[PDB]
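Please take these sequences and the hints and turn them into a complete structure.
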Amino acid sequence: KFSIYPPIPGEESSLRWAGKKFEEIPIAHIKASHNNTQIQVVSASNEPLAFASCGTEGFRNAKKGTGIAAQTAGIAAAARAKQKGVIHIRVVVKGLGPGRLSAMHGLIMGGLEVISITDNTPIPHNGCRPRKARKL
Amino acid sequence: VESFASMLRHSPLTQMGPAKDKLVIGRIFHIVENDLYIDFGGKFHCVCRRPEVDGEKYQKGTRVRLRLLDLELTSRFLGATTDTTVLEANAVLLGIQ
Amino acid sequence: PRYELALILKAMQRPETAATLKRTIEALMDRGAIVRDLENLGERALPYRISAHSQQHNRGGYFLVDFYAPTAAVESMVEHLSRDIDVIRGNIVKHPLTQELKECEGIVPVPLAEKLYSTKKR
Amino acid sequence: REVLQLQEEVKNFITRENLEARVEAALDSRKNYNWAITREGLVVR
Amino acid sequence: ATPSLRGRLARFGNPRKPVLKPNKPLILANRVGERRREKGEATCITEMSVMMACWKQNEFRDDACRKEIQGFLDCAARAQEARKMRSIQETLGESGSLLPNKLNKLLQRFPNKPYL
Amino acid sequence: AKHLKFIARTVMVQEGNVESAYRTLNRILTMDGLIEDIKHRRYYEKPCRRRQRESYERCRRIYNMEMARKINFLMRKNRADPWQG
Amino acid sequence: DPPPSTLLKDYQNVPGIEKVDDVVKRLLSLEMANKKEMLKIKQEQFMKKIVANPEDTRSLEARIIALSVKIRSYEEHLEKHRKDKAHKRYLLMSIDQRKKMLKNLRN
Amino acid sequence: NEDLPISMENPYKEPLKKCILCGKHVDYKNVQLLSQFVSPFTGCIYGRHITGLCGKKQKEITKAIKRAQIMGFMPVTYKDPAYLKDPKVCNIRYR
Amino acid sequence: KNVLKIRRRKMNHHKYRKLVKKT
RNA sequence: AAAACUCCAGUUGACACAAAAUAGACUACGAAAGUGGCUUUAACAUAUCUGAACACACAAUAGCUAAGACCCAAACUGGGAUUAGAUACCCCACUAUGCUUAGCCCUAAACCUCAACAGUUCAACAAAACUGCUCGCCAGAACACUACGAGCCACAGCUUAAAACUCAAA
Ligand SMILES: [Mg+2]
Ligand SMILES: [Mg+2]
Ligand SMILES: [Mg+2]
Ligand SMILES: [Mg+2]
Ligand SMILES: [Mg+2]
Ligand SMILES: [Mg+2]
Ligand SMILES: [Mg+2]
Ligand SMILES: [Mg+2]
Ligand SMILES: [Mg+2]
Ligand SMILES: [Zn+2]
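As given, the protein sequences belong to chains AI, AW, AE, AU, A2, AQ, AL, AP and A3, one line each in that order.
Take any residue in the first sequence, note its place counting from 1, add 58, and you have its number in PDB author numbering.
Take any residue in the second sequence, note its place counting from 1, add 76, and you have its number in PDB author numbering.
Take any residue in the third sequence, note its place counting from 1, add 1, and you have its number in PDB author numbering.
Take any residue in the fourth sequence, note its place counting from 1, add 154, and you have its number in PDB author numbering.
Take any residue in the fifth sequence, note its place counting from 1, add 1, and you have its number in PDB author numbering.
Take any residue in the sixth sequence, note its place counting from 1, add 1, and you have its number in PDB author numbering.
Take any residue in the seventh sequence, note its place counting from 1, add 65, and you have its number in PDB author numbering.
Take any residue in the eighth sequence, note its place counting from 1, add 46, and you have its number in PDB author numbering.
Take any residue in the ninth sequence, note its place counting from 1, add 127, and you have its number in PDB author numbering.
Read the hints as simulated data drawn from the structure, not as lab findings.
Where a beta carbon is used, it is the ideal one built from N, C-alpha and C, also for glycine.
There's no promise every hint is true.
[What the hints assert, rightly or not] List of simulated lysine-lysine pairs, DSS-like, C-alpha gap at most 25 Å:
| hint | chain 1 | residue 1 | chain 2 | residue 2 |
| --- | --- | --- | --- | --- |
| 1 | AI | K79 | AI | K121 |
| 2 | AP | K103 | AW | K98 |
| 3 | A2 | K40 | AQ | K40 |
| 4 | AL | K153 | AL | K135 |
| 5 | AI | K59 | AP | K131 |
| 6 | AL | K164 | AL | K153 |
| 7 | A2 | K114 | AQ | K78 |
| 8 | AQ | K40 | AE | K11 |
| 9 | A2 | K18 | AL | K150 |
| 10 | AE | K95 | AL | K74 |
| 11 | AU | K185 | AP | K109 |
| 12 | AL | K113 | AL | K100 |
| 13 | AE | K121 | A2 | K68 |
| 14 | AE | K103 | AP | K105 |
| 15 | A2 | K68 | AI | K140 |
[Claimed, not checked] Among chain AU residues calculated to face chain AL with C-beta under 8 Å, some are:
| hint | residue |
| --- | --- |
| 16 | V157 |
| 17 | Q161 |
| 18 | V197 |
[Unchecked claim] Restraint-style ranges between C-beta atoms, simulated for each label pair:
| hint | chain 1 | residue 1 | chain 2 | residue 2 | range |
| --- | --- | --- | --- | --- | --- |
| 19 | AE | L102 | AW | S151 | 31 to 39 Å |
| 20 | AQ | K3 | AE | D85 | 16 to 24 Å |
| 21 | AQ | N73 | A2 | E35 | 16 to 24 Å |
| 22 | AQ | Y45 | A2 | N24 | 19 to 27 Å |
Structural data, given as structure tokens:
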């Protein structure tokens, strides 16, 4: 019976959260990388609610790109979100990285409720020419 | 005197035709702890698994009716100059006698 | 030969849509076209956002027309449709049924190739 | 025999006179090309 | 299911160019690749994270860290016993997948031949 | 970008099963063949060695499929030796 | 250089071209269709002008006129696209084969 | 003599398999049919082994998909959420 | 196979390029 | 790890002469090099085979000439790390250039190193052995993708291509 796909602004959506429709839910955006991860929270109408990162938490060159720092940033952002009055959240993840999976669990431990996860990672259809292959 | 061509033309297999999805009666000659080998017709014996239902009623000389897919399980693989065999035939049963 | 123009207009009312359509078919006749038929696919919100000459559009009106014309008229009408402002997009294409489908006998089973490597001990 | 089909269709072909009615009839009418198919090959709309 | 290989290789009778250029000769062998490890063990990350959290909260106070510290110890213990259990599982035989040595035994019982 | 948001490559969580959601997302991405593409677009792949890698992958798939056919065709035979002598 | 209004090759034996509408006559005029029908009409014209037995494609003269029409097609294509080296090579080879078969016919 | 075999065709020959639409027609406007053959989450179209049709039809439908995408009848990233509630033909395993 | 001969050719070509650069 | 940027970074809205995922597990076209976004046009030789290194026409990338184009990448260069040293592999920035025009150059492992045509069923390795006709090429290693000569819009180039001395090998 459960629908894995998300609802549509066009009717009908038979599931709400906190008595609210899907669209107006706040959206979290996280950008993963081999070196570091950046997290941010925004309202449905693009109002920037919360923002944090491993660098702001105080992680150094090698350690920014880890899962522990990502989940700590998640904890911090969840604390700020609940302080501002935010419970539910629609997740958005962008790119690969170590802390990709870790930031979500950090948010959960913080105490937010993730509803859906969208991987809006960059995909070029042969648009640009990337960097040359480095020899490790 | 009888001609081998006539015996072939009147043989059971020339009238049998393809073995795919065709009922046939058979009996067993050897049996193991978990499986039984039915001799039904033609060249090879077909292996089968004892069903938990009616499993006790499986002894030598039992006439079981069953379908089948082919008479010899073979297959030609990538570097197989000639098809390899399994010396069996797949046959599934749905009744006895 | 046959030519189908698949066209998508911006969302507006029947009078101005009809004015646009009559002007467009007048341009067709000027280029020397012969219209076979007009088909309205209906009004729909186009799938992805686009950018018109001067603005953006989140809805559109899908029309199609089938006609006959020489070749030069094709690109002349293309540039006409590019110069036109209220038209979101328009594309000329050939007709599919004009190209008779090759008679099909079904899928043939492809036997596995052999004799690629010669026999030896290896 | 092939000439006969597109011969009578000339009257079906619009012109400067039939436009002012065919345009309205077409824009008032609706048409759909979409159609799906099942495992066997039966069409369903 | 397998894709055909009619004229993908460079054979004298094939007029067109080759599709494939396999470095090694394309033949089904009677030996199967033995399995291999997947990654290096890691665990208790969230446990030590909440432990350091309560550490920096209470200035290294054990009676207050009790919960986090006990959870971390229990998670590490469970990780060790799970390692032992899955090790004995691999030794006795993985269920659902067939083992390489017995597969090779079967293949040498029913071997391929490139030659006659 | 121009396309609508929160439709493609999404997963709806049920009972807060975030691990299952993310695992299913990775699974669908791999079955569609994406993450390999991302890690190939990370650093540039020359056309020559791209073609080489791709031909090798095709041959590997062929070999694996044939060996899997043999395995699935002969695993039925792996049973207790009925004829000792 | 046949006229544009000349109907297609196929629609000539039919006696309905007289009573049929002028719009249909225009539709069937080769100017609507591609240059293939124009060169077909040209080939028929040359066959009727020179050849004693028309609709005989196996003939050396028929092959020669076909290749000549193809040569004119390639020449027009090249004067419109000075850069098409494929069509350039095709034109050169066509004229070479034409000279070859002209020598053979002369023999 | 009469009982001997004879040169003869194979009557047991089963009719050659025909794909879902080996004979039918397709155009770039049947967005429903063209989105039936595509992954809903990624929007990328499945291959032959997943689809189960002949190469001619696969090529035709993929070209039609590209045409629809570029002109505006179809999107490229997300399958249309109005046409997924249709019969599922292409085999999969993730569900 | 071995490529010693083409390495010889490589070195000769390199030295010739250097020689023309000097002269 | 350092250097570098904070006129930095993230969401959101608008934007290209740039390169054209998935399909493609498909094996198609082109003489070959090459060609896999979409649309239109023109069009894809020879119904005996061979065949010019006395000619003609193409000919990847790179490079040169004069206008333009600036997302990205990047020779060279500069800086930061490593190193005994690093004129390199690692990191950052930028340029020729890769792109569009009108020309030039005519080289590749241009190899599938397996010539075209009509056919048949054993040195080793490789991609089994062969028949009939034809063109081109080869005759110890190295000097030699060399010098001299000749031709080329080429001027540190390209094509053809030896000779003297050395060795019993290659
Ligand atoms: Mg190799
Ligand atoms: Mg591909
Ligand atoms: Mg250049
Ligand atoms: Mg530049
Ligand atoms: Mg090549
Ligand atoms: Mg060669
Ligand atoms: Mg030759
Ligand atoms: Mg050279
Ligand atoms: Mg020289
Ligand atoms: Zn079919």
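Run the structure past the numbered hints and jot down the numbers of the failing ones, going up.
-> Of the numbered hints given earlier, those the structure breaks are 1, 2, 8, 13 and 18, listed in rising order.
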